[PDB]
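Spelled out from the first residue to the last, the chains are:
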Amino acid sequence: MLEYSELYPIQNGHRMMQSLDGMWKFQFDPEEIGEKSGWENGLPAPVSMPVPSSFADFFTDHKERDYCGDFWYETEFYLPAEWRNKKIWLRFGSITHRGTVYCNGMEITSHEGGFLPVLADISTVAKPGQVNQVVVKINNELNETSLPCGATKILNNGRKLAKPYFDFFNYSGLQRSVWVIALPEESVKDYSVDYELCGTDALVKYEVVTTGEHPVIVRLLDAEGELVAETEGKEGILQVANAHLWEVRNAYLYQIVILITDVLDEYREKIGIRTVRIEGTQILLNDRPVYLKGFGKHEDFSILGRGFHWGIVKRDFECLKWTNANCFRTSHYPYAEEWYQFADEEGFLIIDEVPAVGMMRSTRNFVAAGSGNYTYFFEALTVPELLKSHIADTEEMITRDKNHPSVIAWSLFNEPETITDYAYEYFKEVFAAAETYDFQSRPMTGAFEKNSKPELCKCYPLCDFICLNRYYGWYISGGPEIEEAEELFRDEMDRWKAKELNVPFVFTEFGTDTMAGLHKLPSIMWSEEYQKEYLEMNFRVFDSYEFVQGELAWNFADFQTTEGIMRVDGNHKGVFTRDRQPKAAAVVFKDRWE
Amino acid sequence: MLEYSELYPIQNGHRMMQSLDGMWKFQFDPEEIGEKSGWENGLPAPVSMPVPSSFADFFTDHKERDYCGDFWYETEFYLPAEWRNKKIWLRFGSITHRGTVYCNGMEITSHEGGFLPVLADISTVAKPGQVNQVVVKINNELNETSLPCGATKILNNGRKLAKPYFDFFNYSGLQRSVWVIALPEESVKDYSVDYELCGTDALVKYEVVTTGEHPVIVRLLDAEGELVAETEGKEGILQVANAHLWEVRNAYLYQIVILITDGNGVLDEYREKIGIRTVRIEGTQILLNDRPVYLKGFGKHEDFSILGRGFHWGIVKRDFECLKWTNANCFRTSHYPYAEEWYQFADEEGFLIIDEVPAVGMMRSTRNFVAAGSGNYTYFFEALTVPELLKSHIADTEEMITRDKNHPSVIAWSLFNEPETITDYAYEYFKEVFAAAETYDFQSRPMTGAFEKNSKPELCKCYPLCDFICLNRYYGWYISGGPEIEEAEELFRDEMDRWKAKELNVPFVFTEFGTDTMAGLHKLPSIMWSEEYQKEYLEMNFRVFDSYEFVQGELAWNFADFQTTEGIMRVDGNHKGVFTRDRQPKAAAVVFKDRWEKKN
Ligand SMILES: [Cl-]
Ligand SMILES: [Cl-]
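Going down the list, the sequences are from chains A and B.
Residue numbers for the first sequence, in the deposited numbering: 1 to 262, 266 to 597.
Each step along the second sequence adds one to the number in the deposited numbering, with nothing skipped, and position 435 is 435.
There's no promise every hint is true.
Said to hold, decoys possible - List time: in silico SDA-like cross-link candidates among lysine to any residue, alpha-carbon distance up to 20 Å: (1) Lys273/B with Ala223/A; (2) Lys25/A with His62/B; (3) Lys87/A with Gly129/A; (4) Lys25/B with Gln11/A; (5) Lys593/B with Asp61/A; (6) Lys25/A with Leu253/B; (7) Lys273/A with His62/B; (8) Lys25/B with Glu341/A; (9) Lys127/A with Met17/B; (10) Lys324/B with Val47/A; (11) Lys63/A with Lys324/B; (12) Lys86/B with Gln18/A; (13) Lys25/B with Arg498/A; (14) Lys324/A with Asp61/B; (15) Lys324/B with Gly129/A; (16) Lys593/A with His62/B; (17) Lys273/A with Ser48/B; (18) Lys500/B with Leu471/B.
Read the hints as simulated data drawn from the structure, not as lab findings.
The whole structure should be built from the sequences, with the hints applied where relevant.
In structure tokens, the structure reads:
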């Protein structure tokens with residue numbers, strides 16, 4: 001279990017917080033001489049770099065956009081003098097992909113994983129009342145011992161080029177907000193809630209972790225601040241009579257309030276009373292079935308790359324609502340915590356995905372996810388280091404996101420090898436670990452490439468429901484062969500039906516690249532009309548199987564990828580353009596999903 | 001003299017700040033009932049709204065995008081206990097266009113002007129160690145008594161529709177960051193610096209304004225932190241030996257430090273970075289640090305996909321990397337003061353700025369870009385609304401100058417863009433604006449504005465007031481375009497020959513010239529709207545500029561495609577950008593890069 005708290009920062013009497021967002025100093029370190037040359041003390045010749053954002057798309061030259069290797073940030077903040085006697089942490093929403101944090105010259109901690117928060121305890125070096133310095137050494141290379149997976153090519157000048165095993169640009173930097181926070185010396189470290197429904201009434205079971213021994217009181221407030229339940233102890237049950245349940249696209253948020261007393268700490272968070280259970284082939288939310296309708300997405304916008312902005316969230320949610328979606332998948336990595344906060348208010352359902360993408364050794368991975376070629380990926384001697392990373396990223400993800408009502412499943416892989424017992428052994432461990440970290444035991448899943456065929460795949464028995472990525476009519480029998488493609492699709496769904504697994508299937512990826520404004524009569528692959536015809540055919544197949552309980556189309560919006568001959572300025576399978584405007588097919592979803 | 005400080009917020013022991021950026025609560029008020037119905041105490045049915053951002057582009061239906069009238073924002077912040085016995089202010093970078101601030105139920109203050117900071121003293125109503133509430137009524141209508149000017153149509157169902165007299169979309173709301181801050185009870189309110197060059201040495205003349213009577217000392221620190229000058233007094237001269245001047249695209253910044261002292265103690269401390277440099281017009285020449293400068297760059301807009309005018313540092317970083325690749329040294333803040341961060345960063349990068357008050361649309365026309373050369377006068381400055389418009393024009397000027405005057409990057413004030421000037425009612429109007437501006441600026445730096453074609457040499461009455469003359473011309477586009485471009489050139493030269501013959505002996509800058517250019521539209525031979533036509537229009541206008549000794553700058557229109565109100569002459573905004581709205585370059589962007597690499 002973890003040496004820090006994953007809880008979002010708040011500001012009350014006992015807990016303080018100050019934003020470090022703004023313009024930082026930035027400098028590339030291509031010869032990797034920073035540590036030995038005093039950069040922990042300040043950067044020798046930096047530039048200005050916005051935070052949060054991704055560094056790549058600001059520059060005007062290739063070597064800098066495509067930089068791969070070591071690079072540094074530095075900034076300076078004044079701590080209020082009133083934060084003596086408090087524990088003081090730096091909280092980075094993310095450090096992509098790995099980094100060591102230095103503060104006032106001292107190395108505080110290093111982290112691996114570029115999509116989950118990083119906590120640095122600077123209590124012993126922070127100078128309250130004075131100006132303080134923070135310096136972060138970051139690395140954005142890809143390998144097969146960390147997620148997401150890939151490789152690093154050295155070119156003739158010795159400069160490094162990222163060669164990912166995934167299909168999305170390797171944005172990196174400090175992409176999410178950065179805080180400095182003050183906690184009490186005895187503090188709430190973690191807590192977990194589970195829900196039971198008793199007719200109209202409800203139980204909120206909870207457990208609490210603290211950095212101390214003092215008694216804990218837990219209060220639960222309704223939307224208007226009035227009290228509805230109170231229990232003493234670090235373990236308890238809250239009784240909410242005539243409970244107001246969090247519903248799909250109709251949220252109700254209670255407020256939990258955790259206290260440590262003699266009052267030493269207070270933590271407050273919005274939660275939603277709802278239950279998630281798989282009965283047979285159905286997904287039950289509050290004991291009634293739900294059908295998932297929505298999109299795979301990316302944290303991706305012009306200029307900012309993966310940088311968080313609230314304006315992107317607002318628009319992306321006003322578009323999801325306009326299509327009448329109810330659900331999205333945080334593909335292929337946990338998002339910024341603000342996305343889940345807002346999903347909670349709006350009643351969207353989230354499949355939360357750990358970044359286990361790239362577990363097949365292929366640099367053009369999307370044509371290759373149906374080629375039939377096994378890459379011997381889980382037979383290699385780096386696999387134990389990889390497994391340790393994957394489990395640690397699952398643990399940090401679940402701890403961070405488990406108390407959001409919108410999060411209803413965990414996706415623990417996208418398009419890996421599953422056709423050999425080497426991969427069963429691997430994934431069995433991962434699921435085992437995820438089952439222990441989630442106090443609610445909500446459904447665990449992953450998304451399968453076409454190569455994980457019903458006859459050969461070893462891993463679908465680990466899944467509570469099964470997610471399929473399928474491109475019938477695009478990478479398989481596309482264009483004039485599109486009727487062959489429908490058959491082949493039905494052929495496979497027939498074989499899955501024949502297995503009588505009695506579990507739900509969700510299509511988590513299907514789509515066509517579509518250039519906005521390419522019209523052709525008759526339609527051709529890449530036009531707007533072909534996208535509509537494609538979707539109308541996948542819909543017919545989905546609607547032919549009682550156990551298909553969900554469609555998450557790929558993608559919500561055009562996004563940026565590694566450049567290559569099959570990628571025309573990124574990936575054009577969006578239903579919206581990258582500036583968040585709808586292609587002709589968005590209307591297809593809107594109508595179907597009403 | 002203003003009842004508050006325009007000084008950007010800092011965080012030291014004496015001064016603390018807290019950001020309120022985030023999701024605020026938002027609610028439209030089409031019936032205009034919020035105050036009588038208690039919205040000052042919280043909104044009844046809100047939705048969430050990013051701050052900073054313009055609200056318009058988030059929504060999916062026209063009624064909300066095109067909303068005009070009253071609308072309300074609300075949030076809640078915790079004030080640390082330790083801020084008892086401090087003066088506590090809310091500081092909005094901007095409230096667009098007018099608004100009334102409420103804090104814990106109480107009307108604190110009102111403000112008119114959508115593009116400069118709003119300061120609201122909440123010291124008597126703030127509750128430290130408790131959670132506090134802010135609520136703002138905003139109105140984004142346009143009128144003829146405030147800037148920028150327009151009108152307001154009432155549709156048949158009672159809906160208000162904005163009808164601006166300007167060519168940009170009427171984005172509005174809380175478009176810039178918002179802070180709550182704590183100041184000392186005796187604080188630095190204001191300061192001003194002027195400079196004189198003394199060979200290897202330099203003088204920094206200054207003056208400080210405080211809110212009490214304890215004494216001031218002023219320190220000056222070089223770039224590396226070391227003390228290079230010190231002076232007691234609220235008015236002084238700092239003596240910098242072996243000064244590092246601030247130079248175009250080669251910036252050096254000192255830190256100035258202003259203390260209010262209680263003998264051996266410190267009451268207040270303010271620090272800003274500044275840059276020693278001098279600006280002077282000598283004849284037809286624009287002298288920076290005693291050498292001539294040719295202005296090369298762009299008129300810009302605070303504009304970006306989804307965010308509207310919302311401020312983001314990444315828009316800044318990208319926009320400056322593009323300006324550097326272009327080899328520009330200049331830009332004008334058309335047509336309103338920008339977020340302060342823009343100027344802070346121009347100081348680090350050494351760009352020259354022309355700072356523009358929002359005095360645009362002073363001529364009644366709703367399709368006003370076909371009408372800046374039409375020849376039709378609209379009696380704009382004889383209306384009885386004009387004395388009110390003058391007062392808020394001066395008020396915005398004083399507020400812009402007080403805010404921006406200490407940036408090295410700011411070399412001149414633009415006080416109008418394309419107004420009617422062919423009339424003595426207009427001379428009498430602008431004599432007052434300029435007289436006002438002269439007083440608020442401690443550096444008496446150059447004042448100008450930008451003239452439409454309508455303001456001909458023989459008819460214009462306002463160019464005498466200008467230390468240099470900015471022209472917006474579109475010969476080869478709105479006038480005599482496409483096949484007739486040969487004629488557009490002779491017409492252009494004929495106008496310039498008349499300016500020449502006046503022998504005014506002042507510098508002329510071209511602040512607008514451009515062609516709508518659709519990215520990707522290629523024609524051989526070229527046609528108006530093709531990328532090829534943009535390049536040729538430009539090569540033509542450069543030949544004209546270069547024929548006149550007194551032309552000393554060229555700011556092309558626009559850096560980037562930007563959003564306007566819609567209509568038949570506007571294909572999803574304005575397409576005179578040299579870059580796209582997503583900040584990639586059309587073919588005429590290298591025309592600039594090459595010309596400007598090889599100028600000075
Ligand atoms: Cl290059
Ligand atoms: Cl509509």
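Here's how the hints hold up against the structure:
1. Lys273/B with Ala223/A: 47 Å, violated
2. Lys25/A with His62/B: 42 Å, violated
3. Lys87/A with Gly129/A: With a Cα-Cα distance of about 15 Å, the restraint between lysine 87/A and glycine 129/A holds, given a limit of 20 Å.
4. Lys25/B with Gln11/A: 19 Å, holds
5. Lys593/B with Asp61/A: 15 Å, holds
6. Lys25/A with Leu253/B: 16 Å, holds
7. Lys273/A with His62/B: The hint is violated at about 33 Å.
8. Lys25/B with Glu341/A: Distance of about 16 Å is within 20 Å: holds.
9. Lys127/A with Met17/B: Cα-Cα ~18 Å, so holds.
10. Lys324/B with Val47/A: Within the cut-off at roughly 14 Å; holds.
11. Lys63/A with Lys324/B: 17 Å, holds
12. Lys86/B with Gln18/A: 19 Å, holds
13. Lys25/B with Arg498/A: 51 Å, violated
14. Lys324/A with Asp61/B: 12 Å, holds
15. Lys324/B with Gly129/A: 39 Å, violated
16. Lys593/A with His62/B: The hint holds at about 18 Å.
17. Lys273/A with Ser48/B: 16 Å, holds
18. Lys500/B with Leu471/B: Answer holds: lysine 500/B to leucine 471/B is near 14 Å, not above 20 Å.
Checked against the numbered hints above, the structure violates hints 1, 2, 7, 13 and 15; every other hint is satisfied.
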